[PDB]
Structure formats: structure tokens, C-alpha cells
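Chemist: Residues per chain are reported as follows:
2 protein chains.
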Amino acid sequence: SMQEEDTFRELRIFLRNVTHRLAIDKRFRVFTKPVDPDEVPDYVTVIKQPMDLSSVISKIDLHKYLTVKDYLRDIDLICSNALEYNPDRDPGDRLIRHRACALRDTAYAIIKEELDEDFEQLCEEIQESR
Amino acid sequence: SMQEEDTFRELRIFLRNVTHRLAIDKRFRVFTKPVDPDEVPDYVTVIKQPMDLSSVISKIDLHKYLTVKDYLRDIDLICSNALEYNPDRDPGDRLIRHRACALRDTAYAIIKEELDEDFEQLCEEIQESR
Ligand SMILES: COc1cncc(-c2cnc(NC3CCNCC3)c3[nH]c(=O)c(C)cc23)c1
Ligand SMILES: COc1cncc(-c2cnc(NC3CCNCC3)c3[nH]c(=O)c(C)cc23)c1
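Those sequence lines, one after another, are chains W and U.
So the first sequence is residues 1 to 130, counted in the working numbering.
So the second sequence is residues 1 to 130, counted in the working numbering.
Errors might be hidden in some of the hints.
Heads up, the list lumps identical chains together, so a pair's fine if it works in one copy or across two of them.
SDA-like mimics (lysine to any residue), calculated; alpha carbons at most 20 Å apart, straight line [unchecked claim]: (1) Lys69 with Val46; (2) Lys26 with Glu125; (3) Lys64 with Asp76; (4) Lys33 with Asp90; (5) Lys64 with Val46; (6) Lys59 with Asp42; (7) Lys64 with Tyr85; (8) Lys33 with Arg130; (9) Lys59 with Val46.
No wet-lab data here; the hints were simulated from the structure.
Turn these sequences into a full structure, and let the hints steer you where they fit.
Modeler: This is the structure in C-alpha cells:
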């Protein structure tokens with residue numbers, strides 16, 4: 001219905017705003033675009049579902065997220081990929097893991113403050129009816 | 001259930017085999033890998049959901065296709081993207097469009113010959129129950 005289309009449009013507006021705020025944070029530059037294969041040649045083989053903030057924006061615009069829960073799955077994927085690909089004790093690995101956890105924590109904290117629980121419940125109920 | 005897992009595993013085996021047969025055809029080399037942005041800088045902006053045969057293989061392996069119908073949507077996407085991005089009368093554009101239609105036609109013809117309709121119906125009924 002028209003009311004449901006308006007609901008998903010509001011969701012997309014909300015998710016774009018959250019994603020933009022993550023993307024302009026200097027700490028998260030490494031997660032903003034797909035990896036350069038020249039910098040990490042084995043990334044494609046080790047990480048089976050790459051994800052980054054530009055890809056998240058494309059998915060929002062393709063109407064791939066019908067709930068904030070589904071969006072957070074991709075944010076969690078950005079984090080889990082980083083922990084998987086950079087598990088070593090070396091400072092470079094530790095920096096990226098810290099930034100990955102910070103990205104995750106920041107996204108969840110924004111959502112906790114700014115997402116109305118009843119709005120999310122509505123989205124979930126519309127999704128389950130499709 | 002175990003029987004349903006076996007069904008989706010058989011689907012994945014079937015889809016990998018079809019995709020491999022498309023990927024080794026010389027006509028379809030242009031569709032085997034993501035586009036090189038150096039060759040087509042405006043591709044990212046014009047085509048909103050890029051798709052290629054290596055991406056299709058990754059999606060099979062990530063369990064993204066529960067039916068042949070969903071797989072054919074991505075094959076159709078490879079074709080529609082090509083028709084959209086190369087619409088001109090020039091020979092280069094006409095060649096790619098012809099190959100795109102041939103890819104689509106070939107995938108459908110393989111499926112028509114080799115996919116049991118009752119196998120596809122089972123997949124669809126399992127998908128709809130989830
Ligand atoms: C423009 O700079 C880059 C572009 N693309 C990828 C990276 C990058 C480089 N190194 C990583 N990890 C190494 C750190 C030192 N120990 C070996 C691994 C990276 N790890 C990542 O998770 C991502 C997303 C990029 C990246 C950088
Ligand atoms: C290694 O060669 C390539 C790598 N990546 C992309 C292409 C490519 C080049 N040109 C295209 N179309 C032009 C043909 C002449 N008129 C202007 C457009 C391409 N079109 C496509 O649809 C794809 C997938 C690649 C491609 C080639």
C-alpha cells in the first residue's frame with residue numbers, strides 16, 4: 001500500500017543518514033569503499049562476502065533493506081570480515097580491528113538513540129507479510 | 001530438514017554446472033568478471049546493480065539462490081545491464097548486445113533441457129515455507 005511505501009522510504013532515508021555519518025568519520029575510511037585488490041591480493045579468496053559502506057548505500061538505494069535488523073547484518077559483516085582478515089597481533093591488524101569494533105559500536109549506538117522501536121516493529125511486520 | 005538441505009545442495013550443484021558452461025564459452029568472456037572501471041569509468045553510475053558470472057558463482061556458494069527462478073533473475077540482469085549500457089548502433093555495442101542475448105538464450109535453453117520441472121517446483125515450495 002501507499003502507507004507501506006512511505007514506511008520503507010522513511011527507513012531508507014534513516015539508513016542513508018546513519019551510513020553517511022559513519023562514512024565521513026576519519027576512523028572508518030578503510031571501510032568506505034571496496035578493497036583495492038593490489039593492496040590485498042588474497043582478500044577475494046579469504047573473505048567470501050566483502051562489504052563496505054559504499055556497497056551498503058547502493059543496497060539501500062536498491063531497496064534491499066526492509067528492516068534496520070537487515071541493515072545491521074551488513075554492518076556486522078563489515079566488522080566480522082575485518083576481525084577475520086586481520087587477526088594478528090601486529091599494530092596494523094590491531095588498529096583495523098579496533099576501528100571495526102568502533103564502527104559496529106557507533107552504528108548500534110546511533111540506532112539505539114534515534115530509531116523508534118515502534119517504527120522498526122512496523123517495518124518487521126510489513127516484511128513478514130510479504 | 002535433511003531432505004531440504006539435500007535439495008538445495010543439488011540445486012547449487014546444478015547452477016554451478018550451468019554457470020561454468022556459460023563462463024567457458026568464448027562469446028561470453030565479457031560477462032565473466034566485474035567490469036574494469038578503467039575501461040568504462042561511467043559504468044558504476046549508469047548500471048545500479050552490476051552482475052557477472054563470477055559474482056553469480058559467489059552467490060551460489062553463499063546460498064543466495066533457493067530456486068532456478070531466482071538464478072535466472074541474475075542471468076537476466078547480466079543481459080539487461082548490457083542492453084542498457086550499450087544501446088548504440090555502433091558495431092562494438094551491437095556485438096555485446098548480441099552476446100548478451102545469446103548468454104540469456106543459452107542459459108534458458110540449458111535449463112529447459114536439463115532442469116526437471118518437479119525439482120524446481122519442490123525448491124519453490126520449500127522457499128515459500130521459509
Ligand atoms: C588504500 O588502502 C587500502 C586499500 N585497500 C585495502 C587496504 C588494506 C590493507 N591492509 C589490510 N590488512 C593488512 C594489515 C597488515 N597485516 C596484514 C593485513 C586491510 N585489511 C582490511 O580488512 C581491509 C578492509 C583493507 C586492508 C588498504
Ligand atoms: C578487458 O576488457 C574490458 C573490461 N571491462 C569492461 C569492458 C567493456 C568495454 N566497453 C563496453 N562498451 C563500450 C563499447 C563501445 N561503445 C561504448 C561502450 C563494455 N560494455 C559492457 O556492457 C561491459 C560489461 C563491458 C564493457 C572491457
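Chemist: State for each hint whether it applies.
Modeler: Okay, the hints, checked on the actual structure:
Within a single copy, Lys69 and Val46 get their C-alpha atoms no closer than 26 Å, and across copies no closer than 29 Å, so neither meets the 20 Å cut-off. Within a single copy, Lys26 and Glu125 get their C-alpha atoms no closer than 36 Å, and across copies no closer than 47 Å, so neither meets the 20 Å cut-off. For the identical chains of this complex, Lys64 and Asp76 are neighbours both inside a copy (16 Å) and across copies (18 Å), given an alpha-carbon limit of 20 Å. In the homo-oligomer, the alpha carbons of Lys33 and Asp90 never lie at most 20 Å apart, since the shortest distance is 23 Å inside one protomer and 34 Å across protomers.
When the C-alpha separation of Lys64 and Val46 is checked against a cutoff of 20 Å, the pair qualifies only between copies, where the shortest distance is 19 Å, while the shortest distance within a copy is 25 Å. In this homomeric assembly, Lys59 and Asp42 come within 20 Å of each other (Cα to Cα) only across copies, at 19 Å, whereas the closest approach inside a single copy is 25 Å. For a Cα distance limit of 20 Å, the shortest separation of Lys64 from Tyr85 qualifies neither inside one copy, at 26 Å, nor across copies, at 23 Å. In this homomeric assembly, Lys33 and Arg130 never come within 20 Å of each other (Cα to Cα): the closest approach is 32 Å inside a single copy and 33 Å across copies.
In the homo-oligomer, the alpha carbons of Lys59 and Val46 lie at most 20 Å apart only across protomers (15 Å), although the nearest pairing inside one protomer, at 23 Å, exceeds that limit.
Comparing the model with each earlier hint shows violations of hints 1, 2, 4, 7, 8; every other hint is respected.
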